[PDB]
Amino acid sequence: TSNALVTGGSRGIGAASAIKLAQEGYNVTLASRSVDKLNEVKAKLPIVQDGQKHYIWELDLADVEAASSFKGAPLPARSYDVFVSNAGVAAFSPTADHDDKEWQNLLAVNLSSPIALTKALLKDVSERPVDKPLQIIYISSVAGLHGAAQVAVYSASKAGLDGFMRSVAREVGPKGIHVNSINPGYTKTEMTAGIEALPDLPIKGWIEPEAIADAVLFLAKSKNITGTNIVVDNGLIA
Amino acid sequence: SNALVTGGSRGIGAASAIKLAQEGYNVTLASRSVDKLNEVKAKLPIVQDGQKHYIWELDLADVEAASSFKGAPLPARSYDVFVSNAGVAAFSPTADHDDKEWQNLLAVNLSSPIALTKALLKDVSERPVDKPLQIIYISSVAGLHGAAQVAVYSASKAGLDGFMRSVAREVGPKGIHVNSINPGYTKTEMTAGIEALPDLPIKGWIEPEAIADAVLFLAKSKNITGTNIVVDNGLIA
Ligand SMILES: NC(=O)c1ccc[n+]([C@@H]2O[C@H](COP(=O)([O-])OP(=O)(O)OC[C@H]3O[C@@H](n4cnc5c(N)ncnc54)[C@H](OP(=O)(O)O)[C@@H]3O)[C@@H](O)[C@H]2O)c1
Ligand SMILES: NC(=O)c1ccc[n+]([C@@H]2O[C@H](COP(=O)([O-])OP(=O)(O)OC[C@H]3O[C@@H](n4cnc5c(N)ncnc54)[C@H](OP(=O)(O)O)[C@@H]3O)[C@@H](O)[C@H]2O)c1
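Protein sequences, first through last, are from chains L and F. Under UniProt numbering, the residue at position 66 of the first sequence is numbered 69, and the numbers go up by one with no gaps. Under UniProt numbering, the residue at position 235 of the second sequence is numbered 239, and the numbers go up by one with no gaps.
Just chain L, with the same shape it has in the complex:
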């Protein structure tokens, strides 16, 4: 069996990534706060091989100690072959006005919980064989790569995740653990539904979540990629 953990599996990029991973034969564990929405995604996931099975994990990533301990998880951390750290929350505000508890919670969900989950996986896995590396894939953002007004703390969270990624990649490559970020541009999901007009881009229009999922698959099957960013942004930052 192969197992993939997708946080934020209840909709958007995570749901799309989960579907594609299940089509490739992975047992997928969907993790988020919403049991009913998780179950609905679970019901749509492909089955491509007998014995394949999917799981849900009720997990609030505002709770960093739960992440750290894999609290409630259906399988031990060492069972996973792919970890798609996809859960995140956005916030649009003048920096002067952004409520302190709101921006601190954003950091906990976007940066501290991924850190804690990664630590828990590294501890349990310890090392991997050369034929079956563990792939850790952060869903970061182009906001971590260039400055956009009124998304400062969000940008901090994503740039921070990418900085963690490069250091972990160098540390654990010799253990057979490969670690990368995908940095999406404007992608049509619940998170960006409040945006009513896009910037003028070299490739026009919204990106679909399924397009980000194809980049997850590219990394999940990869062999010689670690410590890098895969930017899927319609040319926003070119």
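To be clear, the hints were calculated from the coordinates, so they are not data collected in a lab. Yeah, the Cβ is synthetic: ideal placement off N, Cα and C, and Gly gets one too. Be aware that a few hints might be false.
As the list claims (entries may be wrong) - The list that follows gives simulated cross-link-like pairs (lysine-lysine, BS3-like), each with its CA atoms no further than 27 Å apart:
1. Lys104(F) - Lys135(F)
2. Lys126(F) - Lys104(L)
3. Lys104(F) - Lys126(L)
4. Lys104(L) - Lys178(L)
5. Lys74(F) - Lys104(L)
6. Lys178(L) - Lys104(F)
7. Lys104(F) - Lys226(F)
8. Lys40(L) - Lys74(L)
9. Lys224(L) - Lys126(L)
10. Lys126(F) - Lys56(F)
11. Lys56(F) - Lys207(F)
12. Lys224(L) - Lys56(L)
13. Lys126(L) - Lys178(L)
14. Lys226(L) - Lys56(L)
15. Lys47(L) - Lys191(L)
16. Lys104(L) - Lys178(F)
17. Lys47(F) - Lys224(F)
18. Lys47(F) - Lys74(F)
19. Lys104(F) - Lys74(L)
20. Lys74(F) - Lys226(F)
21. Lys104(L) - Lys23(F)
What the hints assert, rightly or not - Stretch-level coverage of chain F by chain L, calculated; a stretch enters the list once three of its residues show a Cβ under 8 Å from a Cβ in chain L:
22. 38-52
23. 87-95
24. 100-113
25. 117-129
26. 172-180
For this one, chain L is given, so just place chain F with the ligands on it according to the hints.
Chain F with the ligands only, in chain L's frame:
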């Protein structure tokens, strides 16, 4: 007029405070250590009539203290230069790094700088042309490339830089310019434990005064915002 330097008690911050005071700024030194802050304060040049220096006992593990300028000798709007210098380092295998420890590191290195920044932005008078407010983060090359066993440290410094770029775009039109300096291996108490250097293009340790020269270049600048000034002896070239 006024410069705020967090982590003013030693190292890069102390050297930066000395150079800013040489330039005529009234310097506020902030850190946890009132006695060491007073020792540095006594060494700060006085070069201009009416010039005055201050200390501020501030623990950046307390993010709400930062956010409210708790205990500050001057309001946030009085500052013309903000050197966000305080920071802490930690070395560990990621798998074994104590949760309270790495969370406290994020608070000191990232969340408190964000909070001090928000306080300054909220209080400031939009700035005249020849007197922009300069915000200068002391980040690290660790935030630009991957080094093993400093993962959460690297996350803090990369996060600081991502914050910096977004704030720069946002507040430039208010006359507020915002940049990071990313040092390499510098001779301070932070590095006294870890001595063999890598094989560098420019050999040897960097002096804290050398970082302070970069602070002064930014403090006097006019057309720089959203960027990184890398002073690293060629480590990352
Ligand atoms: N859409 C874009 O334009 C775009 C661009 C760049 C990057 N991203 C990144 O893409 C990732 C996925 O976002 P999305 O665009 O697919 O938006 P989305 O459809 O709103 O998905 C957000 C996901 O995160 C989960 N989540 C949020 N807060 C959580 C918490 N406290 N604990 C557990 N799970 C939580 C949500 O599940 P529950 O609500 O069920 O808990 C949901 O499954 C995010 O990391 C985001 O920053 C998005
Ligand atoms: N040295 C290097 O090679 C190097 C390289 C890259 C970046 N840096 C960065 O340079 C900055 C300055 O460090 P340094 O090398 O000059 O080290 P240092 O001499 O040890 O100085 C660190 C300063 O930070 C203050 N600080 C630490 N924790 C604090 C807290 N909780 N509240 C308030 N102040 C606190 C310390 O003052 P108290 O102890 O008095 O509170 C001290 O003044 C740091 O941000 C560091 O990450 C250093």
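Hints, one by one, checked against the model:
1. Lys104(F) - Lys135(F): violated, 41 Å
2. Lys126(F) - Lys104(L): holds, 17 Å
3. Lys104(F) - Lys126(L): With a Cα-Cα distance of about 17 Å, the restraint between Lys104(F) and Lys126(L) holds, given a limit of 27 Å.
4. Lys104(L) - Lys178(L): Distance of about 38 Å is beyond 27 Å: violated.
5. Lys74(F) - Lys104(L): Answer holds: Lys74(F) to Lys104(L) is near 17 Å, not above 27 Å.
6. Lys178(L) - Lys104(F): At roughly 26 Å apart (the allowed maximum being 27 Å), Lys104(F) and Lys178(L) satisfy the hint.
7. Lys104(F) - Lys226(F): Not satisfied, since the Cα-Cα distance of roughly 41 Å exceeds 27 Å.
8. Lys40(L) - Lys74(L): holds, 20 Å
9. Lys224(L) - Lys126(L): holds, 23 Å
10. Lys126(F) - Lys56(F): Measuring from Cα to Cα gives roughly 25 Å; hence the hint holds.
11. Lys56(F) - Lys207(F): Answer violated: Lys56(F) to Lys207(F) is near 39 Å, above 27 Å.
12. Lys224(L) - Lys56(L): holds, 20 Å
13. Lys126(L) - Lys178(L): holds, 12 Å
14. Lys226(L) - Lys56(L): Cα-Cα ~26 Å, so holds.
15. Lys47(L) - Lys191(L): It holds: about 20 Å lies between the C-alpha atoms, which stays within 27 Å.
16. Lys104(L) - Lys178(F): holds, 26 Å
17. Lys47(F) - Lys224(F): Holds - the C-alpha atoms of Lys224(F) and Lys47(F) are around 23 Å apart, at most 27 Å.
18. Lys47(F) - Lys74(F): holds, 25 Å
19. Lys104(F) - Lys74(L): Between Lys104(F) and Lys74(L) the Cα gap is close to 18 Å, so the pair holds against 27 Å.
20. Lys74(F) - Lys226(F): violated, 31 Å
21. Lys104(L) - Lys23(F): The hint is violated at about 37 Å.
22. 38-52: violated (count 0)
23. 87-95: violated (count 0)
24. 100-113: It holds: at least three residues are needed, and the region 100-113 of chain F offers 6 whose Cβ sits within less than 8 Å of chain L.
25. 117-129: holds (count 6)
26. 172-180: Held - the region 172-180 of chain F has 4 residues with a Cβ nearer than 8 Å to chain L, which meets the minimum of three.
Checked against the numbered hints given earlier, this structure breaks hints 1, 4, 7, 11, 20, 21, 22, 23; the rest are met.
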